[PDB]
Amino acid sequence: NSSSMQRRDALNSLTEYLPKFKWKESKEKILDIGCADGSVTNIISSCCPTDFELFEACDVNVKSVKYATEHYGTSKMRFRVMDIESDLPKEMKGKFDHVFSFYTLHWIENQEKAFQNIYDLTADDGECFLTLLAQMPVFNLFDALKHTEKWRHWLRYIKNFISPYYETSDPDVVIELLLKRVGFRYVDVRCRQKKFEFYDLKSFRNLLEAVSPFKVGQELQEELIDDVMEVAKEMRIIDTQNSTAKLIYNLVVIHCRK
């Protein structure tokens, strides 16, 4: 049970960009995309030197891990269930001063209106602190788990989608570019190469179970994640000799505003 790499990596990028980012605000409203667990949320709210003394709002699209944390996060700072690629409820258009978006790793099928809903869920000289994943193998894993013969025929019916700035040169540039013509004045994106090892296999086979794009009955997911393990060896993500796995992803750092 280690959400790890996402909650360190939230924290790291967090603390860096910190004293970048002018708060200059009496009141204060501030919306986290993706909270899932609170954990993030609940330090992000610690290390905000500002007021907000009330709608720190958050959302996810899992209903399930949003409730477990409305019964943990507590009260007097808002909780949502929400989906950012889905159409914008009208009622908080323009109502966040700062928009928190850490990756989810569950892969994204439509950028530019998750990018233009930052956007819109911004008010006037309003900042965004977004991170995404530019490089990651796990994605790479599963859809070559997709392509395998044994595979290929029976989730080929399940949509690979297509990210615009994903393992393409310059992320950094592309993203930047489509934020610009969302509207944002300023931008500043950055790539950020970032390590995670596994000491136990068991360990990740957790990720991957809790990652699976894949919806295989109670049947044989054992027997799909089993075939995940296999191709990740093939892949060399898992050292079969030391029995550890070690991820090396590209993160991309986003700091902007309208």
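What we label the rigid core is the largest C-alpha set whose atoms superpose within 1.5 Å from one form to the other. Positions refer to the first chain, counted from 1. What changes on going to the form deposited in another entry:
- Core superposition between the two forms leaves every listed residue (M229, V211, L220, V65) with a C-alpha shift below 2 angstroms except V65.
- When the rigid core is held fixed, the Cα atom of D200 travels less than 2 angstroms between the two forms.
- Relative to the superposed core, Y165 shifts its CA atom by 2 Å or more between the two forms.
- The Cα position of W107 differs by 2 Å or more between the two forms after fitting on the rigid core.
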The other form holds:
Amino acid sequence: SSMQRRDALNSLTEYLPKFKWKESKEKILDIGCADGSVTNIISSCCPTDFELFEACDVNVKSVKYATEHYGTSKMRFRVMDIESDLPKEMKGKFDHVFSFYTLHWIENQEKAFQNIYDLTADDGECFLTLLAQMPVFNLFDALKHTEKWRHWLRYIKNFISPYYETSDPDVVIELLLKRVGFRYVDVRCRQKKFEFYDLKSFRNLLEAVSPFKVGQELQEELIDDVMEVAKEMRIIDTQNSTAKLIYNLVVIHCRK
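Provide the structure of the form deposited in another entry, given the form deposited in one PDB entry shown above.
Just the single chain follows, nothing else.
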């Protein structure tokens, strides 16, 4: 979506100058590729001569879309889970590891970051963006607690960032990257604003990211109520008919 695009571009444009680029043909990995659109933006950034670029995700519908639309000779689109053990093949395989807007889904944080360290080759670089505090999380968790929906979304799986309510999350993550054994580590917490100029654009997002898969005949009525609690929470401005999201995106830049 627009937010991920804007944040991916802005995150790169800033940190690209700070990267070490090995002279020899490179081995790169992006984690959570989804559409492949954003990982295509990443591939386009410097090294024209690299051996292989790999891009993995959990969604199977997406990896196929992304392999058929963006997949090439040196752009392999695999299915993999970071919350899971690696094959012996991939330990120390990759020179540069990327992952944007993906690591706030992992139940077991340390396992995923421990993997990331093991994938990164000797004298390699990481670059991962990650959501902490985000209103959308509070907006949906608010609906799950509504008198109407309380009972029929009591046991629903609602995936919220592990860091959406943690103090100094930059420090928490920094220490977890030093335990796992990264030599250099830079974790900054970036406050971001994103605006919606009509409600149909905001609605379009809510529909997309909603963590509540339900009957398509309820899907419409559910977001009707979500758009309503968004008015109550002042995520949308009723008078101007606009929406505004201020959220924290932690960006991580580390070497081993």
